[PDB]
Every structure is written in C-alpha cells, then in structure tokens.
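Given as structure tokens, the chain that follows is alone and in the form deposited without S-adenosylmethionine.
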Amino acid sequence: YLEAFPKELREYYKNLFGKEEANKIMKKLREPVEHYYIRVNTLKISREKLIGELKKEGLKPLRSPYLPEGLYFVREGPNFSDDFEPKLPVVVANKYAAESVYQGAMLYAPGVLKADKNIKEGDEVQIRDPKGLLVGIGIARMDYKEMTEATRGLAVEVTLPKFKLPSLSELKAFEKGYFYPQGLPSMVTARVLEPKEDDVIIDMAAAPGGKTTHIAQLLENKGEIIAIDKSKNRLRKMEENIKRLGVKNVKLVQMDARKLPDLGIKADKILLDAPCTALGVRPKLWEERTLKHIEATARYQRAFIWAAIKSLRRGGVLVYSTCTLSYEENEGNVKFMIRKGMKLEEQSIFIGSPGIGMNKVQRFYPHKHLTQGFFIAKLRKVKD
C-alpha cells in the first residue's frame, strides 16, 4: 500500500508520527471510511423517523452516542486480497470512475478508459485503475466495442467491489432532504463552533454547504449564516443543496474570502474550513500532492486565517478545520494565530486525538477513529 504515497511524503509521515503509526495511517488511508456518516436534517425529520425510512430501503443505519444528529453505515470489505490475481479480461477505468467502483459503484461507459478486446456482454471482467490497482470485479453489460464508444449506459455491473459503501444519492429520503452525507469529524466541527441565533456567523469556505446547512439546522433555521465561496458555480450546487434541505438560514456571497474585512462586518462566530492539501481524504488510491504543496498551501491558508482574525469581534470565536494531516497546515498555522491575538479554547466535543505537541486542538486518524485524517482548532480572539 506504501506505493500510493511518494517517497518524500512517506518520510515526512515517519518523521511526524513515527514509523509504526505512519504505516498504520497510510495503510488505512488507502481504504474507504469504515463508518460512513450522514447527518440527520432535523429541520425536516427526527433521527428515529429517518431510521425508519432507511430501514425500509434495506439499509442498516446505526446511531451515534455522541452526535444525536448522526447516523452511520458499516463498510463492507475487503472482498478480495491485496495480491489477488483474477484470471479475467481487464477493463481499465479512468481515475475517478475507478475510485467509485472501489466503493461499490457500477462502472458506466464514460468511465471506461480502455479494455481487453475479447470482452462480450455477460463476460466476467476485472476492473483496474490506470495504474493497475485492482478495484473491483464484475460482469460486462456491453461488448468491447460499445464499451469504448458509448457516451452513457452500464458498462460493467460491479458485483464484487473491493469495498462496499451504501449509495444514498438515489434514495427518496435524500431527494426529500432528510439527510446530508457528512463525516463525523466534519459534524464535530460544526457542534464545537456552538452557533447561537444572535451570533453573526460567517462560513468563509462554505461550498458545497455541508457544515453551513449543519449550522442552519442547529440554529433551527433562525438567525443568519453568511456563506462565502470563490466560484458561483460551486454556490449554484449549494443553492440546490440548501433548497433540498429546506434551509432558509443562509445568505450566499461570492468573493475572495481573503479580502473578507472588505465587508463592514465584525463577526462573532467564524468557521474556516480552509482549503488544504487534503492529505487525509479517503479512499486515497494514489497521493499526488507532496511536500512542496504542503508549504505553499500552508502559506496560502494564512491569508484566510489573517482575514478571519481581522473580521472577528473582540471575544469572537474562530473554528479552523482541515482534512489534512500535515503539521504546517494545522498545528503550525495555529501557532501563527496565537501570535496574532488568538487563544486556544477547550472544544465542547472531544473524541479524537490530541494535537502534535499541542493540547486543546483535536485530530482524527483513520486507524484510531475510523474517519478521514482531520484537524479541528477552536480559537478565541482576546485582542487585536
């Protein structure tokens, strides 16, 4: 599994966590989340009512003892060994389609990069990503020709994916806005912010609106949430999400959030889900980003951070989060905040790990907490 991570990044991980831990993390990083979490949209439905609806579709949702709005599904797999060499003709899927097949999705024609020319409909085939990673096994629903020519349609019925997560996008319960797929550490982030109806609240990296709509339902559609993102297209999707979830709490604004104080607004609560190297996202088939990206991105984040701090009222609260594992983007950029009049506060919910040489921040590790790599920092602005 180590091959999914560039050499210098592996050393970085060995240096930051210790060889043994780093090897457990990278191993789990290649696999999907063991517990797949969704958020109960309490604006429309209670948790137990939703559970009833999900069980109707043959789904087995489990309750979270920590998050009353939390449900999760248990991941199936692996369904074959890491060294399994199926005696099958090969279908090569592109990068993105291979990742979804890896988690149980069918393989559709536009996801087909190339294939063995002996494949006819009904043939058992193995699916590999462009680098040879075995991600699934199934039955061809197209001949070779149609498979490499169609623009739509089922190409390979995946009957044995490497891993299985429930597909929830196609459910009535989703279309009715009863839930929103969201990770446990992401949900913790929104709780730890502790939004109040009176609070002036800014989500400066809001799209696609996961945490934004979370805050919404926590406020019970009261008050106002300002939600910012770079492109309107990302906001277009978010408007759809907001509509579906029956959220009436959010004001969308399109802008470079690094220029946030250009608004005449001093906020009480600010959530910065900062753009990051995403080193912690799962599943991680091949890690493309590396050390040069960590440094550059860590520097890139500081402009958001500094913008946030200047837009905060005295005694205001900032929640800083990333889905990355690096020190520079996390503990390092919090030390930057501490030098700029921000104080570390205890978080209302702490079920993860402590930080690296750092006490009140919260981390999530895939091997320990069955989640994505995640970082949560809650700060209080004591002075300018």
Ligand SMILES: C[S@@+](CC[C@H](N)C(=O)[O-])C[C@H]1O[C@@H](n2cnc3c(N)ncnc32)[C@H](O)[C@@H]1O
The other form holds:
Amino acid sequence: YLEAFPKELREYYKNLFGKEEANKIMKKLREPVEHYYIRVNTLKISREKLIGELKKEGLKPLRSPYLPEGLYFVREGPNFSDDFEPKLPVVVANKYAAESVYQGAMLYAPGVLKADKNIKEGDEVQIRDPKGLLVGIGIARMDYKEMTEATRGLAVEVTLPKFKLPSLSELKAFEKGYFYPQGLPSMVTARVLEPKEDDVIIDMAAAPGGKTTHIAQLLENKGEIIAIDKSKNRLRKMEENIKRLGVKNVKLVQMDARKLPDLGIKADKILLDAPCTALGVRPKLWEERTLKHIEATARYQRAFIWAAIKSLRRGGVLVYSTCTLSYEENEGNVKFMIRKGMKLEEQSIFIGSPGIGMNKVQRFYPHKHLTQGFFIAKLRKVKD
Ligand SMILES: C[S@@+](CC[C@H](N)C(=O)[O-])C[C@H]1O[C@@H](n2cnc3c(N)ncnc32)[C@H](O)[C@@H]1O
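Output the structure of the form deposited with S-adenosylmethionine bound; the preceding block shows the form deposited without S-adenosylmethionine.
Following is the full complex, with the preceding chain placed first.
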C-alpha cells in the first residue's frame, strides 16, 4: 500500500507520527471508511422514522450514540486479497470510475478507458485502474466494441467489488431530502460551532453546503446563514442541495472569501472548513499531492484565517477544519491564530484524538476512529 504515497510524503508522515502509526494511517487511507455516515435531515424527518424508511429498502443503518442526527452503514470487504490475480480479461477504468467501482459502484461505458478485445457480454472480467490497481470483478454487459465506444449505459455489472458501501443517491429517501451523506468528523464540526438563532453566522467556504445545511437544521431553519464560495458550479450544486433538503436559512454569496472584510459584517460565529491538501480523504488509491502543496496550501489558508479573524466580533467564535493530516495546515495555522488574538476553547464534543503537541484541538485518524483524516479547531476572539 505504501506505493500509493510519494516517498517524501511517506518520510513526512513517519517523522510526524512515528513509523508505526504512519504505516497504519497510510494502510487505512487506501481503504474506504469502515463506517459510512449520513446526516439525518431533522428539518424533514426524525432519525427513527428515516431508519424505518431505510430498512424498507433493505439497508442496515446503525445509530450514533454521540450524534442524534447520525446514522452509519458498516462497510463490506475486502472481498479479495491484495495480491489476488484473477485469470480474467482486463477492463481498465479511468481514475474516477475505478474509485467508485472500488466502493461498489457499477462500471458504466464512459468510465471505461480501454479493455481486452476478447471481451463479450456475459464474460467474467476484472477491473483495473489506469495504474494496475485491481478494484473489482464483475460480468460484462457490453462487448468490447460497444464498451469502448458507447457514451452511456452499463458496461460491467460489478458483482465483486474490492469494497462495498451502500449507494444512497438513487433512493426515494434521498430525493425527498431525508438525509445528506457526510462524514462523522464533519458533523462534529457543525455541532462544535454551537450555532444560535441569534448569531450572525458565516460559512466562508461553504459549497456544496454539507456543513452549512447542517447548521440550518440545528437552527431549525431560523436565523440566517451567510454562505460564501468562489466556485459558481459548486454554488449551483449547493442551490440544489438547499432546495432538496428544504433549507430556507441560507443566503448564498459568490466571492473570494479572502476579501471577506470587504463586507461590513462582524459575525458572532464563523465556520472555516478550509480548502486543503485533502491528505485525509478516503479511499486514497494514489496520493498526488505532496510537500510543496502542503506549504503552498498552508500559506493560502492563512489569508482565509486572517480574513475571518478580522471579520469576527470580539468574543466571537471561529471553527477551523480541514480534511488533511499535515501539521502546517492544522496545528501550525492555529499557532498563527493564537498570535493574532484568538484563544483555544474546549469543544462540546470530543471523540477523536488530541492534536500534535496541542491540547484543545481535535484530530481524527482512519485507523483509530474509522473516519477520514480530519482536524477541528475552535477559537474565541479575545481581542483585535
Ligand atoms: C473543503 S471544500 C468546503 C466544503 C464545505 N465546508 C462542505 O461542508 O460541503 C473548500 C471549498 O472552498 C472553496 N474555495 C477555494 N478557494 C476559495 C476562495 N479563495 N474563496 C472562496 N471560496 C474558496 C472551494 O470552491 C471549495 O468548494
């Protein structure tokens, strides 16, 4: 599994976590989350009612004893060994199709990069990513010719994916806005912010609106939430999410959030779920980002942070989060905040790990918490 991670990043991990933990982290990072979480949209339905609805569809949701809006599904797999060499014609899926097949998705024609020419419908085939990673096995529903030419349709029915997570996007319950798939650490993030109906609230990197809409249901659609993003496409997806979830709480504004103080607002609560190297996301088939990205991104996040701090009222609260493991983007950027008049505060929910040489921040690790790698800091603005 170590091959998925560039050599200098591997050394970085070993240095930062210690060899043993680093090897455990990278090994687990290559796999999908063991517990696949979704958020109950309490704006439209209760947890237990939704459970009832999901059991109807043959799903086995489990309740979180920490998040009353939390449900999770247990992952299946691995369904074959890491060294398994099936005696099968190969279908090569592109980078994106391979990752979904890796988690139980079917393989559709546009997801096909190239294939063995002997493949005819009904043949048992193996599916590999462009770098030879075996991600799944299944039965071809197209001949080679149609497989490499079709623009739509089912190409391989994946009957033996490496791992299996439930597909929820096609459920009636999903279309009706009953839930929003979202990791446990992300749900913790919105809770730890503790939004009030009174608060002036800003989500300055909000799209597609996962944490924003969570705040909305915690507010029970009261108050107002200002949600900022630079990407129009992602904001467009956020608009759809808001409508589907029945969110009436949120004001969308498109802009570079680094210029946030250009508005005249001093917020009581700011969520900064910052763009990051995403070193913690799962599954991690091949990590492309490395050390140069950590430094560059860490510096890029500082602009957001400083923008937030200036836009906070004294006594105001900032919640900073990333889905990355690096020190520089996490504990290091919090030291920055401490030098800028912010103070660390106890988070209302702490089920992850302590930070690196740092006490009140919260880290999540895949091998310890069965989640994506994650980081959460909660700060109080004591002065300007
Ligand atoms: C980690 S994602 C945020 C996800 C969000 N917190 C959620 O729960 O769904 C980072 C987002 O920040 C946005 N972004 C990146 N640079 C930005 C900038 N300079 N100004 C405003 N938004 C930016 C990206 O469009 C991206 O959608």
